[PDB]
Every structure is written in structure tokens, then in C-alpha cells.
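There is one chain below, alone, in C-alpha cells, taken in the form deposited without the named molecule.
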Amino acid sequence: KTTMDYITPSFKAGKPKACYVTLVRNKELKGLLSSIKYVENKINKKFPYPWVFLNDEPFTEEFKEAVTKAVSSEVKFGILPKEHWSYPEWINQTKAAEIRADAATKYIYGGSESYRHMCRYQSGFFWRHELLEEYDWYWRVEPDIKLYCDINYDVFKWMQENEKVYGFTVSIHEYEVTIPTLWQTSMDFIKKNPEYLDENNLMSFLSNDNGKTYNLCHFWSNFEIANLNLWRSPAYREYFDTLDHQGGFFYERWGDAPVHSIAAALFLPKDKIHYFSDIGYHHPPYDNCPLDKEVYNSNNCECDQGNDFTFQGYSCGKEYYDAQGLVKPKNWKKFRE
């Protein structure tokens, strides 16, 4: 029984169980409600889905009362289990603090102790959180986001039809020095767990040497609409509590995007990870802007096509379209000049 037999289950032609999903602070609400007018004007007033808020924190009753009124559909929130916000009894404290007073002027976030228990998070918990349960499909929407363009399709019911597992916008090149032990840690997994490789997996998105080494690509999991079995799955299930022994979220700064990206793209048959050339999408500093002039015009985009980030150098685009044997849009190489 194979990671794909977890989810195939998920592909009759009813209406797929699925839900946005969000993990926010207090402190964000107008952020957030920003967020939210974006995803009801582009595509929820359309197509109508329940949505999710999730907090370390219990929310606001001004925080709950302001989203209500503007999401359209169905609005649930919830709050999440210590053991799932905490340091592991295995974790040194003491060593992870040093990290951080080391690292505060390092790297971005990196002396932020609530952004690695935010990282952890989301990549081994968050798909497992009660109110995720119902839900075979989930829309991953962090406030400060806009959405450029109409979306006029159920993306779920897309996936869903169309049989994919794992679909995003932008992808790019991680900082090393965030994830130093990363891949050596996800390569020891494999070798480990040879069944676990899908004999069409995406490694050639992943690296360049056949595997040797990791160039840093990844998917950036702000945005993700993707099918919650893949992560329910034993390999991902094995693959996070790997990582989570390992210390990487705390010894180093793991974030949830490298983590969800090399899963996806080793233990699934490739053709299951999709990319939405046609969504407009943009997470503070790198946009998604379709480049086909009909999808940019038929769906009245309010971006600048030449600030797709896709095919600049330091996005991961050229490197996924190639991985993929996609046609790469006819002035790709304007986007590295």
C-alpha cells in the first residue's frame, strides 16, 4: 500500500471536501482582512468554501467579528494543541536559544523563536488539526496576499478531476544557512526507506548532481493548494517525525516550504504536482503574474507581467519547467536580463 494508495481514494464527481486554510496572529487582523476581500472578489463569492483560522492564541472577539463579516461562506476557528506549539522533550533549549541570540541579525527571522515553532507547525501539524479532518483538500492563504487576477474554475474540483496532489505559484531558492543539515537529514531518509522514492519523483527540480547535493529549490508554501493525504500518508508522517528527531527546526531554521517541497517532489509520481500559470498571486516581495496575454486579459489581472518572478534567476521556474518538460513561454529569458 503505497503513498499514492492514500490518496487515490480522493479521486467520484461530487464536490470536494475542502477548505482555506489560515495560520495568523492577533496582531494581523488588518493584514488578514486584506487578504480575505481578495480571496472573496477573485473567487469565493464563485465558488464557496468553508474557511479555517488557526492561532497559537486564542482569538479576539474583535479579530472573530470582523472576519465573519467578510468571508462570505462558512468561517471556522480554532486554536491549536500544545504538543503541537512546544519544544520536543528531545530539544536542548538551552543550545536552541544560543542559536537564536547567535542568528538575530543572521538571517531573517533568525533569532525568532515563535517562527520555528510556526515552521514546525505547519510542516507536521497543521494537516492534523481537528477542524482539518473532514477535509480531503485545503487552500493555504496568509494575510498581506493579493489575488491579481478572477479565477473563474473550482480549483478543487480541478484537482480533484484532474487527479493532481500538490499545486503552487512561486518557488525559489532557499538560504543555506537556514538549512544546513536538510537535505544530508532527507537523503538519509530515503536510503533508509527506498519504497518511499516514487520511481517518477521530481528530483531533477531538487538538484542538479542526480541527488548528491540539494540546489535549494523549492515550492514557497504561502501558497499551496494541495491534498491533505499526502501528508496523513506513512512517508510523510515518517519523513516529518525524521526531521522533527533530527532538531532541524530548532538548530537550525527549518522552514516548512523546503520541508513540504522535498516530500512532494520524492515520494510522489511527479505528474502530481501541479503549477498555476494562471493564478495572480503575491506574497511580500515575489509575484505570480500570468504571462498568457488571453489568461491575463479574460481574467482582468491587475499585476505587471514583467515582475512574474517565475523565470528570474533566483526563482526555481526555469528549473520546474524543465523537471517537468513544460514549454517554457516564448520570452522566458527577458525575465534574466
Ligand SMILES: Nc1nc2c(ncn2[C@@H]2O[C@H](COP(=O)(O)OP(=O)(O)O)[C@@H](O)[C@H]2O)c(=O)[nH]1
The other form holds:
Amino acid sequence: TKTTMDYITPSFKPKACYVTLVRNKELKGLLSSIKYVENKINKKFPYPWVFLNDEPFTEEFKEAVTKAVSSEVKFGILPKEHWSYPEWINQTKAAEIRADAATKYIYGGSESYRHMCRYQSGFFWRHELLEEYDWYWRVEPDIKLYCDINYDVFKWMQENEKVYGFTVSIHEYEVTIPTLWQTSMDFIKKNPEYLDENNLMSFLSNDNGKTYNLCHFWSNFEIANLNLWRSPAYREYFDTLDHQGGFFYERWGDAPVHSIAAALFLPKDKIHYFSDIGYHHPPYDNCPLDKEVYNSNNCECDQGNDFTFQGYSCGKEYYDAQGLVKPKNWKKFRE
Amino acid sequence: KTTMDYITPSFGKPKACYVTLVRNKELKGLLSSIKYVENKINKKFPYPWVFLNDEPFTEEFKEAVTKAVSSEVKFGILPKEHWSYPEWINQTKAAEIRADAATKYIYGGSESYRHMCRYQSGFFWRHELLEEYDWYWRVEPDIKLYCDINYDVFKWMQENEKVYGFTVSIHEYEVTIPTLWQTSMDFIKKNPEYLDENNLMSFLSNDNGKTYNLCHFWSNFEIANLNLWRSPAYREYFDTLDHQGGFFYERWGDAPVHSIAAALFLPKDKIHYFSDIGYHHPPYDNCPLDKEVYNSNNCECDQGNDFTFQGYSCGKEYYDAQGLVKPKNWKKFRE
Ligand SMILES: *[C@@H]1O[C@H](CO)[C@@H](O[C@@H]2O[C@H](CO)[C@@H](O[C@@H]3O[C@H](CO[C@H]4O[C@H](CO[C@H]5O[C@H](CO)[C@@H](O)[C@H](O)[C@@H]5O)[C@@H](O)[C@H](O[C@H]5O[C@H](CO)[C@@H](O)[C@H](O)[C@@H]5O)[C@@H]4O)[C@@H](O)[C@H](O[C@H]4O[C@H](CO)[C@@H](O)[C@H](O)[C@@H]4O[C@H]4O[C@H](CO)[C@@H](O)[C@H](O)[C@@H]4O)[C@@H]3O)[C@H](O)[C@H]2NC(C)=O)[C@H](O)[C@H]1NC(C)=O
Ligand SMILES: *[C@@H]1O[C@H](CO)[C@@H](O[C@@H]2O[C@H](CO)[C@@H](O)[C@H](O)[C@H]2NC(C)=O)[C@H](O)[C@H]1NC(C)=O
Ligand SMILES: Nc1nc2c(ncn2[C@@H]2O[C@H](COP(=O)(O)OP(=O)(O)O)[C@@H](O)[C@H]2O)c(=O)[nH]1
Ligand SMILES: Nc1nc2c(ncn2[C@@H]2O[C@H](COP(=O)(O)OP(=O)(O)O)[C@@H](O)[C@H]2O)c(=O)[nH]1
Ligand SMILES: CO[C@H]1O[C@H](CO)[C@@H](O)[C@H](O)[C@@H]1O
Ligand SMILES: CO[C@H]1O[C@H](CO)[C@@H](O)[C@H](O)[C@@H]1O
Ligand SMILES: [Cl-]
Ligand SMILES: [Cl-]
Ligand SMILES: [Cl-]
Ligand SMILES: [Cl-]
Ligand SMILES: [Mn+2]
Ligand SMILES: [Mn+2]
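Next up, the form deposited with the named molecule bound in place of the form deposited without the named molecule?
Below, the chain from earlier opens the complete complex, with every other chain and molecule after it.
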């Protein structure tokens, strides 16, 4: 029997790319993100940058982006089948759901946000432009890279045999994923072979699977191996969630979907937290706490606003599940 | 003598200041905010800047801030009675609430955050350093002013007799304010004289006051008349909230508190929405939708991410309560 890791070890310069799903109307915020990535790592360790959109990019947009990125840029449009209601979804039901949740939770009434979530969950890793790569680094507009990155991150992932890399983790607003967990546990019950014997269940749960603690990796920042999403386990998992309906009948985000899959389908030493990469995605920061890393890489963030060990973050849950020794002053963040 | 009677007298250059409560460890984020205020308006219309901290500011902090600001700067420490548990609060109980909520909502387990909320609610406006002023402009670190502001906002508020000025509005997480509305409604039943007959109740409630829709103005951005907070109505209202205990047994923010008071205690035409001031406090923007204002003031935000009319924002509610004509494309933001 070929296992999930059999689909990944083969890929252990790496074939990697930055990948960005973005709207034309977000040009100023994207250009900003690009300037950070350029200055902190891309001019030193260049990798192609793929930009995707559910609509065609404007010439003004492509012209601006092409000038701002020093490495090769690729622009692609999303196939409509990766951004439209599946045949089995009741659209009237979905519309009433959005109408009702319009003011209930962030993006509650948004139709586009849900297609985006489903896209990031099961289709961005199948886009034509990503076929040739084994790794991607997701980047969004209005992001900051607080520090210089003095090593090739993709190369590091390959050499160290890591599969999923992140910076921020946090507890999800449960009102958006009421049935996500139960749906995922039934999946594992019918497919025990996909549950890695040495997985990270402890990050996701405090009672060994009974319930979800809502913890997940913040997907706006990911540096991972595309073959995880391309494995049989993940494909079957996504298809199950896709038929259940939560992307549209609730508001399932790709972050909790990617995270449950990573934390359950892989040996836990395949997940890696980039404690050394300064990053901000509104409204949270990951600011290197190690003095030497912080100084050497000229980090521009306030260590005191590092979200990692704050109550609502899941940095504590992650360190404990991995067995990592938390930095000595972590408790100060819970004040 | 009613509430307005305490405000009309302040209606020479107006007595005003910027006011910033901040920590020593947030210097970089504060310096960034200062750069924005300086380049967008302070160089043109200088006003003294007040910096407050529950602990003393370091020399490094003061030297860096004095240098960054072009107008006068003033540094102050908070009286301990404006930042400590009242004698009527059960601290063991407050501690249990914090521990239990650590992972339930943002700042749920934070002790310092609650002192901060109580502070912004009932004490910043009576700090000795603000006594001589009639107006204040609250500024937080990690903020952005996206556009030029080519007129003296304080002067403008004064000439037009406005009392409370804001940009972002949003629905509060009810889990942080379960009994706030009931406490506020009993206050008004007990003090009918404080409920202005032309109040903005419809912004706060969809059922004539029976329930709170959770709408409030985002207090990180406030340009307001200090005499409102100094009025008997507000003083008594705060004292009532302070005695109820919500700042500690729940997690009452100053945002919903300031808003309920403004929307109920004043004629609704004393409240003003700065549709022309580009602003960002993570993770939301107020970006001028009016193309001429956007271009004449060289805005740097993406109009496409303006938060004002998104479902979870309260811009629609505010516009409707004020009888303001919503911009032509407002519904696009609800998609
Ligand atoms: C200031 O605030 C504090 C903090 O709230 C107030 O103290 C609290 O006061 C209430 C009411 O007086 C007490 O409630 C009683 O609790 C016991 C159970 O006690 C155990 O569990 C507590 C809860 O544990 C969970 O929650 C906490 C907090 O979130 C977590 O930390 C835990 O992990 C749990 O998740 C726990 O707090 C207690 O801890 C204390 O004691 C232990 C044991 O010695 C120590 O290790 C701890 O360090 C700590 O000191 C404790 O473990 C219940 O049994 C009581 O219910 C009975 O009585 C009621 C009376 O009205 C009745 O309605 C109930 O039905 C029930 O009665 C039943 O059983 C009776 C038994 O004879 C029968 O006679 C009866 O017919 C019926 O069948 C009650 O709920 C809190 O325990 C207490 N908390 C503390 C920390 O002291 C304080 O009062 C406030 N001060 C002021 C001035 O108001
Ligand atoms: C698709 O969703 C719609 C919207 O909820 C469903 O229509 C409602 O069905 C209930 C059940 O009897 C009725 O009481 C409502 O009056 C219907 N409302 C509308 C909008 O017609 C519909 O039943 C669903 N169809 C499927 C595939 O089950
Ligand atoms: N092409 C396209 N990209 C979108 C759309 N909605 C969101 N995105 C992108 O998806 C990512 C997440 O969206 P964002 O609005 O930032 O979501 P948030 O992080 O939850 O606030 C960002 O890269 C966006 O630019 C959409 O309708 N079309
Ligand atoms: N001196 C001091 N300022 C604080 C403290 N907590 C928050 N603040 C300030 O209060 C404002 C609101 O705090 P912030 O963390 O930005 O809250 P948020 O906007 O809800 O994330 C900011 O201007 C902070 O710098 C504290 O414990 N001490
Ligand atoms: C802080 O808000 C962002 O992150 C949470 C947790 O992932 C999402 O639920 C939410 O829609 C936004 O994307
Ligand atoms: C999005 O989060 C921010 O805004 C809400 C609503 O004002 C507050 O409750 C919360 O603590 C933060 O300040
Ligand atoms: Cl469709
Ligand atoms: Cl929304
Ligand atoms: Cl105290
Ligand atoms: Cl928190
Ligand atoms: Mn984003
Ligand atoms: Mn803030």
C-alpha cells in the first residue's frame, strides 16, 4: 500500500513558486506585499511568482506587478469549474444562509468569499501554472515581512523534509464551521489508513478527537509541498467536505481545512513553524522572539506584539503538540 | 441644563490634541502611525500630541517619539486609580472568567486588555493632560492614514457643531458584552432626561431599543468633543457600567460603550462620519469611495477593500439612521 508520505518523499534548486490569488481592485495592497517579499527574500533567492484571479487581470494590473517583481511572473485565470456552485448545492438555500448571516460574522453575507475558501481548499493546487512545482509560498495583498530572510526557504524545506510550513495559528470562529469537525472525524472513521500513527491530533483537539478546539494554521501564509494536497488522502478529504456543503451552507475557510488535513494525515515532524520569519497579515503578527534571529535579520516588528503565545492564538497548542520548548517569556503574552 | 448645554460653549484655533495610550514595546508600530499623521495632516495643521502609558515611558521611547513628531508632544503616566480593580470587583471571579475565556475570544484571557477598555471608557478624557482641551483625536500604533487631509478637522468639527467623529463601524462580538445593552437600557429608564429626543437609536437597534444589534463605532479612530464624556449624562452612565462589573466579568470594550452613549445622549446630527478620511486599523479600512475626494487627496488605499458597506460593518445601518444617501455602488460591498 502506497501511503501519503510515499507521494511526497520523492520531492525531498527545488521546483517552487510564490502563489497569489488576488482581485484587480487590490492592486495597491498587492504591490505593497510585493515590495516586502522582494526586499526580504526574493532579490536574494529568486523564485517565479504565480498570480491567479477568478476574472481576467487588467493590463494596468499586470504591467504594475511585472515591474515590481524581479523574478519571473506568471498570470493565470481560474477555470470556472474551480469557481462556481457545484451541481449538488442548493443555491436558494445558500442565498438565504448568506442573507441571514450578513451581519452575523465576518464575510457572513459574502458569496465570493465562500468560492475563494473552496478554491484555496481544493483547487489552487491544481491550477495549470502550479503543475510543474512541488512547493508554493502563498502571499496575499496588504502583508508585511518584518525581517530579512537570509536562506532559501524552499531549499530548506526540501533538505529538512518538511511538508507544511506556517507562521500564525489561531482559533476559528466556530459559527462558521459548526459541522466541519464532525464531518472530518467521520471521514477518518471510514478511512483509518489516512490517519498517520504519529500525527498532530493534539494541536486540533484536547480530547483525542472527540471535539475540535478550533485551532488552525493561518493559511494566508503557507510554504508547503503541493504533493500533500495532491495525495489520495487529501483529494478524498476535500471531496467529502465539498459534498457535505459547508463551504456554502456554513462558511468553511481553507485554513481550518488545510490544517485538519495536515495535522492528521502527516507524521507531525513534517509540520514546521517558522519562528524566524517576521510576518503580518491584518490584524496579527508573528515576530521572531529569539534576540539573535531578530537582530541579525533586522526585524521591523515589535516583539511585544507577537501573537504566537497570546490566548486566542494556538502557538501554545502547537508547541505543546510538537513537544517544542516554548520561549522562556511566553507567559507574558497571556497577560 | 441638558447634555448639549455642556458642549455648546466650546462651539481662535480650537483647543485640541491627538491622544495616544500606548506601551513601550510598541514603539516601532507607533513611529509608523506618527509618520502617517505627520505626512497626512499634522505638518499642515499642527496640534499638540499627548502620549499616555500605565507604566513610565523609557527614554528611548520618548527620544524617538519627540523626534518623530513635528508639533508639541506631551508624555503622561496614568493615575493608578484609573488602572486597577475597583474595590467592588471580585478578583477571584475576574480571574476565573479570564482563564475560562483565554481561548474563547480575542483578549479573552487578558487582564491588561480589560484595564485598557475601562480606561478608554471612563478615564483618558479626564487625565490631567487633556483638561485644557475641548477636542481630541485618538491615534493607535500600526495605523494608516491613506489620504491627505487638507483641512483642520478640529476647526471643521467646531464650525459645524459636531460632537463625535468616526470612520469605521462594526458589529461587536456579543460574547464580550452579554449584559451591556440591558445595563444601558436600565440606565436610561432611570434617567429619561439623558435620552435625547432626536437620538441615533436606530443605529444601535432594529427594534426600537428592545435589543442591541451590536453596532458601534470603532474607537481606535475618534475625533470628538471631550465635553461629551465630561457631561453628567456620560459620567453617570460610566459610573453605572463601572459598578455593574462588565469591564471585568465580561470584556466590555470602550468602543461599544462610547457609541451607545453618543447615539443615545445626543441629537443624532452631532455625530459625523468622515467618509473623506482614508484610514486603516488592522484589519479594516475606511477608504473614500467618492472618486474626486479619493484623487484630490491622493489616497493610497484600494477603494475595493473599503469596509464601510460590507455586511459585518455598520456603515449601512449608520447611513440609514442618518438619512444619508449611500454611494451608488454600495451593494457591491455586500457581495
Ligand atoms: C468571589 O468569586 C469567587 C469565585 O467565583 C466566589 O467563590 C465561588 O463561590 C461559589 C458560590 O458560593 C462556589 O460555587 C460552588 O461550587 C461548588 C464546586 O466547587 C468546586 O468547583 C468549582 C468550579 O470548578 C470549575 O470552574 C472553575 C472556575 O471556572 C475552574 O477553575 C475549575 O477547573 C472547574 O472547571 C471550583 O472553583 C472550586 O474550587 C475551589 O475548591 C477546590 C476544592 O477544594 C480547590 O481545590 C480550588 O483551589 C478552589 O478553592 C471547587 O473545585 C459546587 O459544589 C456548589 O454547588 C452546590 O451548592 C449550591 C449552593 O447554592 C447549589 O445550588 C448546587 O446545586 C450545589 O448543591 C448541591 O450539593 C450540595 C452538597 O451538599 C447539596 O447540599 C445541595 O442540596 C445540592 O445537591 C457551588 O456551585 C465556588 O466554588 C466558589 N469558588 C471558589 C474558587 O471559591 C466567591 O463567592 C466570590 N465572593 C463574593 C464576596 O461573592
Ligand atoms: C432548496 O432550498 C430552498 C430554500 O430553503 C428550499 O425551499 C424552502 O423549502 C422549505 C421546506 O418546505 C419551505 O418551507 C420554504 O417555503 C422553501 N422556501 C423557498 C425559497 O421556496 C428547497 O426545499 C430546497 N430544495 C432542495 C434541493 O431540497
Ligand atoms: N481573484 C479573487 N481573489 C479573491 C477574491 N476574494 C478574495 N480573494 C483573495 O483571496 C485571499 C484571501 O482574501 P481576503 O479578502 O484577503 O480574505 P481575509 O484574509 O479573510 O481578509 C487574498 O489573496 C485575496 O486577494 C475574489 O473574489 N477573487
Ligand atoms: N499603556 C498601555 N497601553 C495599552 C495597553 N493595552 C493596550 N494599550 C493601547 O490601547 C490601544 C488599544 O490596544 P490594542 O492592543 O491596539 O487593541 P486592539 O485594537 O483591540 O487590538 C493601543 O493604542 C495600545 O497601544 C496596556 O496594557 N498598557
Ligand atoms: C482574523 O480574521 C481572519 O482569520 C479568521 C481565522 O482564520 C477567519 O475566520 C476570518 O474570516 C479572517 O480570515
Ligand atoms: C476585530 O477586532 C477588533 O474590533 C472588535 C470590535 O470593535 C473588538 O471587540 C476586538 O477586541 C478588536 O479590537
Ligand atoms: Cl455559478
Ligand atoms: Cl463582511
Ligand atoms: Cl489592582
Ligand atoms: Cl488573545
Ligand atoms: Mn487577507
Ligand atoms: Mn489597535
